[PDB]
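Engineer: So you can see what is in the structure, the chains are spelled out below.
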Amino acid sequence: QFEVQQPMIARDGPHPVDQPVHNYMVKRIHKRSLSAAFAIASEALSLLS
Amino acid sequence: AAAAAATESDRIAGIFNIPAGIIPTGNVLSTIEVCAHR
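Quick mapping for you: the protein sequence lines, in order, are chains A and B. All residue numbers for the first sequence refer to our numbering, where the first residue is 1 and numbers rise by one. All residue numbers for the second sequence refer to our numbering, where the first residue is 50 and numbers rise by one.
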């Protein structure tokens with residue numbers, strides 16, 4: 001959630017007044033992952049026993 | 050400096066139904082919102 005406000009200028013002449021503007025931007029969170037390979041031989045298990 | 054009168058600005062804030070004791074005149078740091086959906 002971001003709320004952003006935009007500055008304006010007080011003006012005159014043959015133009016009606018303009019309204020200040022809010023903007024409410026939202027971005028959805030993008031999920032990802034990574035993994036890597038890591039192998040252990042059998043005899044190591046044999047020795048851990 | 051002052052620009053439009055700070056006392057006048059605070060009075061104008063007060064009269065229009067806002068009971069703002071002190072109108073900030075400086076740097077304001079709010080908290081970004083993180084919304085989670087589970």
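Worth flagging that the hints you see were computed from the coordinates, not collected in a lab. Any given hint might turn out to be false.
Computed Cβ-Cβ distance ranges for the label pairs, DEER-style [unchecked claim]:
#, chain 1, residue 1, chain 2, residue 2, range
1, B, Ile-81, A, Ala-44, 41 to 51 Å
2, A, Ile-40, B, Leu-78, 19 to 29 Å
3, B, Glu-82, A, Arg-11, 29 to 39 Å
4, A, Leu-47, B, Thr-80, 49 to 59 Å
5, B, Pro-73, A, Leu-34, 39 to 49 Å
6, B, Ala-53, A, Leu-34, 52 to 62 Å
The beta carbon of each residue, even a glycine, is placed where N, CA and C say it ideally should be.
Engineer: Against the structure, test the hints numbered earlier, and report the numbers of the ones violated in rising order.
Structural biologist: Failing hint: just 2.
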